[PDB]
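Before any questions on how it binds or moves, here is one chain, the form deposited in one PDB entry, in structure tokens.
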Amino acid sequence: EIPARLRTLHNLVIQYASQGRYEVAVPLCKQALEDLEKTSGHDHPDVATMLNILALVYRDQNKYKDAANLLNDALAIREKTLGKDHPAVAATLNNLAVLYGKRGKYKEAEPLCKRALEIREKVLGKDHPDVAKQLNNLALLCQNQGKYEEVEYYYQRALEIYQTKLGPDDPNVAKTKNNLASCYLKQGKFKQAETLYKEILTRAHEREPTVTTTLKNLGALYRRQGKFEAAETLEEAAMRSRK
């Protein structure tokens, strides 16, 4: 959701940014923000959109503190002008959670992700696909913290929403299953992770989360378990499938 007066500005800036032309994109943002402030004040939903666009240009440049500052600046204009439960506040909370998250600041990124998830269940419902994507986001933040009980739950809940609203053959259903089989492996629930990898391997091969990748995961799972013969058969099958 981007207004009409900012549709073109957002496009061209995100094209200049994609091409590595920051020295052009950055002044465009700052000028459009200058013109917007002059014409509609600082606390306007359109100023927060340009601060959110500039925070993306700054993320590409690796100016992460400056992106965090502009995202915190936009989040404040949106809670003021739109409300603490608007789809636009979850969007900026997720950008901030992904920022902190990529920077190894999972403990700080987590409350923003939980808040962005709560707003999503208010506007979309507790069983919507976009809430399942947020539970895969939040399960990853908690995994990097070792909170596996919450991780296992967020992944299981995301997988129900995914196969009930999108069917058992969705590409997300395989990645959620892969992400869950990884936290099971991390804990040492080899039996549970093994069942998930065999489920991923079966659907991937009948269709064609790769088969060669899944054969590497199972060969790794079997080597860690102590099943030496069983691991060699899958590492030699993973090699024969790379070709």
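Residue numbers count along the first chain shown, from 1. Definition used throughout: the rigid core is the maximal C-alpha set that superposes within 1.5 Å between two forms. What changes on going to the form deposited in another entry:
After superposition on the rigid core, the Cα atom of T39 is displaced by less than 2 Å between the two forms. Once both forms are overlaid on the rigid core, the distance between the two CA positions of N179 between the two forms is under 2 angstroms. If you fit the rigid core between the two forms, you'll see the Cα of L28 move by less than 2 angstroms.
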Given for the second form:
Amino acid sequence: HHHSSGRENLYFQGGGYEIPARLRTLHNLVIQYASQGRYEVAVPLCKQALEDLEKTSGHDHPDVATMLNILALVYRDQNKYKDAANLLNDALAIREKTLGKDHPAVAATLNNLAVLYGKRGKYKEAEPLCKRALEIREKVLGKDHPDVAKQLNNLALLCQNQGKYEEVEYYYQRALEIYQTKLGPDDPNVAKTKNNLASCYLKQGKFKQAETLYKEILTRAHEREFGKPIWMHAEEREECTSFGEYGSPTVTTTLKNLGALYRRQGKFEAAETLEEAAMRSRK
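If the structure you just shared is the form deposited in one PDB entry, then what does the corresponding form deposited in another entry look like?
Nothing else is written out below except the one chain.
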């Protein structure tokens, strides 16, 4: 019944209140079968809604673009990449024509082309599409909106795949700046963006800068519960009488990361500490 704002370009404005009930049902079935990956049913029904809609309002209409966008994504999941790119451009052309060059639906379609090219390793081609979507999101939502930040994270990983590390660090820091000011410092996106930037640092050999971000994430996590963390204990075990001295999903990964890093550093007692603490945090 409900759908993410990220897939809004696959749905009719508001209800679709004035869309004939037949075309509304036909749309819901296309969506339903495509979810189950049952493309035998999904495609004809889509081709039919497309045919039915072209008769009613012509090819250059927002609803044609909607059914094209749905179909284009079915073709992409079928690994029919060239066909998918064609429909999305056709859908882009219509949306530019009927809704404006800087409409949210346009940004959505560009983010679909960029994803398609990127997942096919055509990062250079994807990059401007992603940047146009970002210039649209800025215009519409404002330069400090969390959705503008979400977009920066996608652009930064697109640039990372091209080794453009100076642009990457900038985008990740701009996105972290937004998620820290516009959202809480204990918002999950803050830790997510930090791990992403830490990954970039790792590529570059900046192990110490990544170690810092892992520690920062693990500190605000502990300080939320009881304002020493697992890593201070790890560093204590690394350095080292009647009885012995016996002893969030975005955090469990950070523990796997810092454990991996300590191991990379050859700090094995500190590594085992976090590696064991990660296995515990998973279960």
